[PDB]
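> Residue strings, one per chain:
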Amino acid sequence: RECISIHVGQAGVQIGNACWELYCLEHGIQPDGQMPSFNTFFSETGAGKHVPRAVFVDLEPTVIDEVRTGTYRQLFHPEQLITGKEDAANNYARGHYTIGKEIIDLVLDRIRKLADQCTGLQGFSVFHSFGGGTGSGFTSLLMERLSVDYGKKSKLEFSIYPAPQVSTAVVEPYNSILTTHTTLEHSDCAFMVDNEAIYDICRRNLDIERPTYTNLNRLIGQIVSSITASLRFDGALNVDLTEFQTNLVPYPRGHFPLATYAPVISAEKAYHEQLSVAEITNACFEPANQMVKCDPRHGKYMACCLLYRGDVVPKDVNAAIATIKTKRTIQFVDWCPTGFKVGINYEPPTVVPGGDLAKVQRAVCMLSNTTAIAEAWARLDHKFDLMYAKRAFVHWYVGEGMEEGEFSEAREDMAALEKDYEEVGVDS
Amino acid sequence: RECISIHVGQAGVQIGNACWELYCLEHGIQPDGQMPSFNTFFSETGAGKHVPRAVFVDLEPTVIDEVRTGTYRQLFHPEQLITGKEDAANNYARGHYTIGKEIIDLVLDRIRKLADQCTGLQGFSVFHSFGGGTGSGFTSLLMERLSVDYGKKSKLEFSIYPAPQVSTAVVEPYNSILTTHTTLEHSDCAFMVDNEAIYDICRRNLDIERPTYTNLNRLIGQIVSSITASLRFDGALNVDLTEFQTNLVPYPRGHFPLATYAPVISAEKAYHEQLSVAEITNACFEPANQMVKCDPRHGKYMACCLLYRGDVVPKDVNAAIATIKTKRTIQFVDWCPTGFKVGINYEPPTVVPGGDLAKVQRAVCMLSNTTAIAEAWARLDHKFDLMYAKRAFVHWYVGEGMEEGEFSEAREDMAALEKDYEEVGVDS
Amino acid sequence: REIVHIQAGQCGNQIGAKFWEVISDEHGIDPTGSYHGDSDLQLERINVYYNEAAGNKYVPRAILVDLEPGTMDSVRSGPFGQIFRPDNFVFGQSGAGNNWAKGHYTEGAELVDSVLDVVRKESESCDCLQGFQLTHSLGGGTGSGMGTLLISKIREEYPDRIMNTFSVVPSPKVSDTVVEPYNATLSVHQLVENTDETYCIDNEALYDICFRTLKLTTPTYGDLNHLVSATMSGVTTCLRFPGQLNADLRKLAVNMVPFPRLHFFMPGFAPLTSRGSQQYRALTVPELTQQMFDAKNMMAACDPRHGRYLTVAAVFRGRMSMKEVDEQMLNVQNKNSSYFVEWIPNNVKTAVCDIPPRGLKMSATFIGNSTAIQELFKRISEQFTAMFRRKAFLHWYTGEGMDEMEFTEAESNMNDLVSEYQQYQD
Amino acid sequence: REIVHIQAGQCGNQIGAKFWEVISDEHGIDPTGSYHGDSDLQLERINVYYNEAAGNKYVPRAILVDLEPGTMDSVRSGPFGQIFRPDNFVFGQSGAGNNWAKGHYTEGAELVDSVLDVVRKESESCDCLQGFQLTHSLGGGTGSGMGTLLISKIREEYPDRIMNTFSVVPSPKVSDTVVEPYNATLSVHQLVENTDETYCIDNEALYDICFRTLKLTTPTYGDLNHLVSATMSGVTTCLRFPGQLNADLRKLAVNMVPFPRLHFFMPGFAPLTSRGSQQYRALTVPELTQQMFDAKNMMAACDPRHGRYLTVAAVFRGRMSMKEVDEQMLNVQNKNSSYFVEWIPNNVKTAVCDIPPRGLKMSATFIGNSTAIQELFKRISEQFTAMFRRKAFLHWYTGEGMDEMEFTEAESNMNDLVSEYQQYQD
Ligand SMILES: Nc1nc2c(ncn2[C@@H]2O[C@H](COP(=O)(O)CP(=O)(O)OP(=O)(O)O)[C@@H](O)[C@H]2O)c(=O)[nH]1
Ligand SMILES: Nc1nc2c(ncn2[C@@H]2O[C@H](COP(=O)(O)CP(=O)(O)OP(=O)(O)O)[C@@H](O)[C@H]2O)c(=O)[nH]1
Ligand SMILES: Nc1nc2c(ncn2[C@@H]2O[C@H](COP(=O)(O)OP(=O)(O)OP(=O)(O)O)[C@@H](O)[C@H]2O)c(=O)[nH]1
Ligand SMILES: Nc1nc2c(ncn2[C@@H]2O[C@H](COP(=O)(O)OP(=O)(O)OP(=O)(O)O)[C@@H](O)[C@H]2O)c(=O)[nH]1
Ligand SMILES: [Mg+2]
Ligand SMILES: [Mg+2]
Ligand SMILES: [Mg+2]
Ligand SMILES: [Mg+2]
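Residue numbers (the authors' numbering), protein chains in the order written: chain C, 2 to 38, 49 to 439; chain A, 2 to 38, 49 to 439; chain B, 2 to 44, 47 to 360, 369 to 437; chain D, 2 to 44, 47 to 360, 369 to 437.
Just so you know, the hints here were simulated from the structure itself, not pulled from any lab data. No residue lacks a Cβ here, since even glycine has one placed at the ideal position from N, Cα and C. Incorrect hints may have been included.
To be verified - Restraint-style ranges between C-beta atoms, simulated for each label pair: (1) D/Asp226 to B/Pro72: 41 to 49 Å; (2) A/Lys96 to C/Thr225: 53 to 61 Å; (3) B/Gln85 to C/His406: 33 to 41 Å; (4) A/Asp120 to D/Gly29: 39 to 47 Å; (5) A/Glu297 to B/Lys338: 52 to 60 Å; (6) D/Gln281 to B/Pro175: 35 to 43 Å; (7) B/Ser77 to D/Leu219: 33 to 41 Å; (8) D/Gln281 to B/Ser80: 54 to 62 Å; (9) B/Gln281 to A/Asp120: 34 to 42 Å; (10) B/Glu290 to A/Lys336: 47 to 55 Å; (11) A/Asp160 to B/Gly29: 42 to 50 Å; (12) A/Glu297 to B/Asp163: 30 to 38 Å; (13) D/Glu47 to A/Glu55: 49 to 57 Å; (14) A/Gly162 to C/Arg402: 55 to 63 Å.
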């Protein structure tokens, strides 16, 4: 019941940096690899050194070099640090093919090595952005090959959603749309997260004046471990990744649950506050704590899963659920009666030294399949239209070999996706 | 059987400052929240810190900042300290709508949070002035929303009555009249208090040369706790807030009981004096101890309720009542035979360190529905007429969107109110 | 909560020099801009008037503007020139010659556009503007001309912000230029439509204060402009420091303006007496109210008792009781009820804050709005008509391009203001 | 990841002199070539611009080229002449006389072949070229002539490498030679087809910066070329040092070029103000963005607000938050949306790295692509037509062998570029 973590691009790697740091914090792992104690993510060598089961890929050396110069470079095996010599210029054409195609075989074989190291691989998780090159384009290439050799193993993807505020590439819509299609084709579950919503949480609930990616990544990393580490460690009601597939995807296409997380409270505001299971879950149904820029009250629910860490009793959860059903404004779709899944571990939430969040006694992760996701898609469609109407910058992809129809096609596929969410939301 | 305290404006907040200080004094609460011991007003966190169930709102930061810099800032939760960035300029138009409308949603949700924290909310009490902006206008807005979501919970309002002496806004009559109407529409019981009558008591019974608001607030705060804390703590004859509704309001409109309180005696004059239950209640029927500038001997009584703290025996009260009936000049209205309600707690009156009143062994709060209240209304009507005759300053509201007829309307509503008090006073 | 201040003309430059001196004293800011205060409260609202520069240094949120370099340089050479940033020195090189037409209409306009860009920059640096403050003359070319142009542009950009101005009012005993009434009339015409309030201070009255009450044999502008700055700082004390009543200027505006066009005010101040007698003083609120009511302590050259009051604002600094202040000010109205207009019950409004002026235990600033003010407008309008009828010197303004009707209409609006005071008078 | 830089003409030679000075400062390289830095990061990407010579000495990957020995010698005589190897000094002995025909077409070609062989040698020594950088004039004979020949040959050999160039743009107030528009037109014609991007800097604007903002009474090229070098080093800071966003020049090219033929850029820089005011500064991202947006801090003589933006790139140096930068730059677009072209949502892109410029805590480089740029082309094309119509001085180029149609077609392509800016403008 092991897994592999794949980090592509700076978005994937920098997030990964916090993720593995967190895993060290969860089990008392020293940077040197020495750890006296997580075998799902680490393998052990005869030296008593543990090695992260992960692959870090960046087509430009730069970020990988950062890894190589950091403290955890002694944790990572040199073969897991793979780099190219030039980026994809924020461009899928290069990421997916022109450049990335020259490295991907190395990458896949290192994955195989790890796959052979694992005895019972449940699956793997991938981190990347939607708008980058390496992070999007290369990622697409990668998933094409992984679904060939692994197939059936869990394909979890964590994708960063381009915000209107932050925008670092003018052709991000194009990059994102191309990517999206391929993730529809090969992922099992995609989680897109909006840095702009996260910033909002950090400035209001963590009270942070000036959020950076380093703080943003800490938040995300903890959420990801609450989903996985928490499954590995055992608790009361353990919930496997295969159950998430089974329970969260009603139709082959609706594989886009979103995440909301609480408690996200600064130490200073946590004093004085004690949240019950019910109260934390009430925070989880608030749009203001949503890690994606959309409105949960607008959309309808199809699936919802709550995972618990630390001090939680099933009974309290049962009461909390009743409250959500009655309080809310949780319009669930007829197609799914009642769909709330509950996983409860005993493992307590962990705290990062030099962190920005309070120590908490219980924590809740909300995963949910809601029709509000279409909203985000609509925003991207529009942006595409504008760029594509003029065909500004199109030569940067076409000149690398892309076909006009490929862009049309991908957009259309997203339009279909959104329409499918509409359809499922239509009660029947 | 819990409650929430809402403090709006400086009048509401500064009064509140003394109120929560008093609650600390009643139960030995440290500024840090630590208290070893009031659950109706406080919730407890796992740290053993207790948090005041209250919301403080000020459209100008200034006063809230004062709170934030005071000792009790460690008691208050940061989310309960809500502020805007500009006042209402003493003007309902802004308080109720232009400015206040932009914050009120925050406020209401924090109220909801507390409402969800309470298990059995009896209701809530609001403190504000009639003449201010935030205190009057914002308050109106607030009550409009609270009656929607809570409805039926107790709506107690404590309003400061503008004195002829103190007058800090030229359009106070206008502010007050607009407010009044809305309080008629949504409060369950309004208590208006005149700082000028209070000053008179402080200079004569407390012997204070120079009263300030800080001394004035102490007096009021104690009265308010004698009504509520005293219900929460249990005594002999406990009297709920719902009983006050039932017993003090004969018709939907007559919801304006006034307060009188005794003993209000300085330490120096209290030596040597011992007041019996009967004697204190005799002080309570004296106009000179009335906290509202009006004449109780002029008006008639419809309802009267006496609440007792400390060392009181029902028998002594029974005798005191007979004395009031026989001594007095308590012309009760035919419509209500005999209407005297008695609540007796065991909880002794408390003393504020550095206070201005003597330690007392028994204390009496008088609530009463009397026709003399019309007098005060008449004064306000006249003042309005003068301003409105010229239409001086009208552009400060109209320019913010108010309608001329709105002012006419509100006055007329007050005229109707006064006439209704007349009618009830007419014996039948 | 922030205020942008602009100094226009020598008057503006020198009065403002004293103003900023005082404000830095209020907050413990030394001439370098460094904070060495006494209290936390000194910093707590420092933002109204200052930007915090690197190193805990502060920069006054204000622009210095003129057409003569020398003046600007003399201000910059003194203490507090160092506190100002170079970015706030906007000036030309040739005065207006006391000509509103040159200041407002032509030359001053050329600088005004750059001033406005600096204004905009500062308003952008602010979190939330409360308003603007201008200091200028009613009779000078840039003070009344340029400054009024600037005002029309600022109000245009910020309709809901408070526009207030302090300005020097001509007097028969002061008058320097023959066209001073011409400049005044033209500025008044514009100010009555484009400001929320203006304070009318007359040097004549100020000289009387200096000698009569302050026992000075040689009144100088250095001290006269000091008295003005006292009143200017008084009006935002509560804004800057915690207190009990009426801190906001808008609140004050609401309570002081009964009619849109009557927005001219009579400032005054207490305690205001020489040191010789101070040893026999005993400040109480009655003492402060006695001095503030007394016309001799008004900074405006006009006795309120000749007219009638529409509004009175009194701002108190320092720890006084609520009763004492509210009883005594009520008593002023009670005792002098014959000088108040019966439309407003409770004509006297008070503001009370907890921080006293450095050196005093308590202090009080008086703002009056009485119909007596019309006399100052009579002095101007009368003098104007004498010149205007003969067109003496008019050619200097017609040389700039001003139309006789421009002046005619300006007069008309002055006449309207007087008539409106009379309508409210009685 | 490596870049080959070439200095052509006096402009190129002197601007590049400052550039290399700065780059060695960036990495702790002394004038001898020895490394004495402060950080490991200084070495970590030193390879972009340097070769490591025996003994931990570094040699700049760049070629110095001209037709006049004296210039070359003067550069070599200064600091940093020592850092260059003899192998990079390629020059003749007779200038072009400001004649593109002599530089491009005839004489300069003779040296270009030897330059190219040195270029090839250096590209062979490199692991992987990222691109090429040229520094030259648009109006001179070797700067525009020889340099453009060299460019056509380099791009020919390396089609996928980034060709960028920085070049000095003629102005009505600068113009030295009568045939300067002729040289410009001919170079433009070639550059528009043969480069990936070019930066348009105008000495006029630079002089204004020096006086207006930097308060210098005597702007000199030594300082003017300093400002250019700041922007030149800014664009590869992230390339050379770790950071968060957009390090690669190609990434920037992708985000800055919406259409193949519109590749002319407007550089600018913040903070850019004299020391006198620096004590009142407080650098924040809003402060840097205010200065970078403001047209007065542009190095190009063109106000963007006259046209409309197609793209904006902002590169930040030093430790700033992600929010602050991304919120504020978004806000620039939000507040000045009227100057952006609606085709591109999110016209402003940012790059942020972690290493500040020596002496500053933070800094920002502005690259704009606005349709306003067409004005610079109008100045050139207009002046050209006046000369061309009469054929004044043409004989000097026809003496070399240039055809009237060569110039005619060159003009045509300039006209195309302006029309394309207009097509995108609106
Ligand atoms: N209380 C004071 N009044 C002053 C002062 N300086 C001038 N004034 C008065 O102001 C008017 C003359 O104006 P200024 O010096 O302000 C003229 P200004 O420099 O604004 O414009 P120009 O026409 O371009 O000279 C007049 O009533 C003078 O008598 C001062 O320092 N204090
Ligand atoms: N910002 C700067 N512009 C310069 C400098 N030197 C020259 N120039 C500008 O460049 C153009 C003149 O060019 P040069 O000195 O570069 C001519 P070059 O030596 O390339 O060729 P020849 O025709 O063989 O002399 C013109 O716009 C000058 O005004 C400099 O040092 N800095
Ligand atoms: N949460 C989070 N988001 C990040 C982080 N780094 C980058 N991003 C976001 O991911 C996107 C940036 O992708 P890039 O860094 O440009 O590119 P890349 O995906 O690494 O691959 P290349 O384009 O080839 O360099 C933007 O939308 C950023 O806001 C990070 O550390 N944390
Ligand atoms: N008893 C008592 N009355 C007070 C206190 N503070 C103010 N008041 C009275 O309440 C009224 C003042 O309201 P303001 O302080 O002007 O205004 P506000 O209601 O806080 O709201 P804004 O007008 O928007 O500032 C006057 O009638 C005062 O006499 C206080 O602490 N205690
Ligand atoms: Mg990258
Ligand atoms: Mg208030
Ligand atoms: Mg002057
Ligand atoms: Mg030369």
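> All the hints need checking, so say for each whether the structure fits it.
Results for each hint:
no. : hint                             : in the structure
1   : D/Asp226 to B/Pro72: 41 to 49 Å  : 27 Å, violated
2   : A/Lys96 to C/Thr225: 53 to 61 Å  : 31 Å, violated
3   : B/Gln85 to C/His406: 33 to 41 Å  : 57 Å, violated
4   : A/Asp120 to D/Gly29: 39 to 47 Å  : 56 Å, violated
5   : A/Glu297 to B/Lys338: 52 to 60 Å : 31 Å, violated
6   : D/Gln281 to B/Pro175: 35 to 43 Å : 50 Å, violated
7   : B/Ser77 to D/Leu219: 33 to 41 Å  : 26 Å, violated
8   : D/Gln281 to B/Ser80: 54 to 62 Å  : 21 Å, violated
9   : B/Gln281 to A/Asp120: 34 to 42 Å : 56 Å, violated
10  : B/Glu290 to A/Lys336: 47 to 55 Å : 51 Å, holds
11  : A/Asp160 to B/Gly29: 42 to 50 Å  : 48 Å, holds
12  : A/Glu297 to B/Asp163: 30 to 38 Å : 50 Å, violated
13  : D/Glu47 to A/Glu55: 49 to 57 Å   : 55 Å, holds
14  : A/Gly162 to C/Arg402: 55 to 63 Å : 59 Å, holds
Comparing the model with each numbered hint stated earlier shows that hints 1, 2, 3, 4, 5, 6, 7, 8, 9, 12 do not hold.
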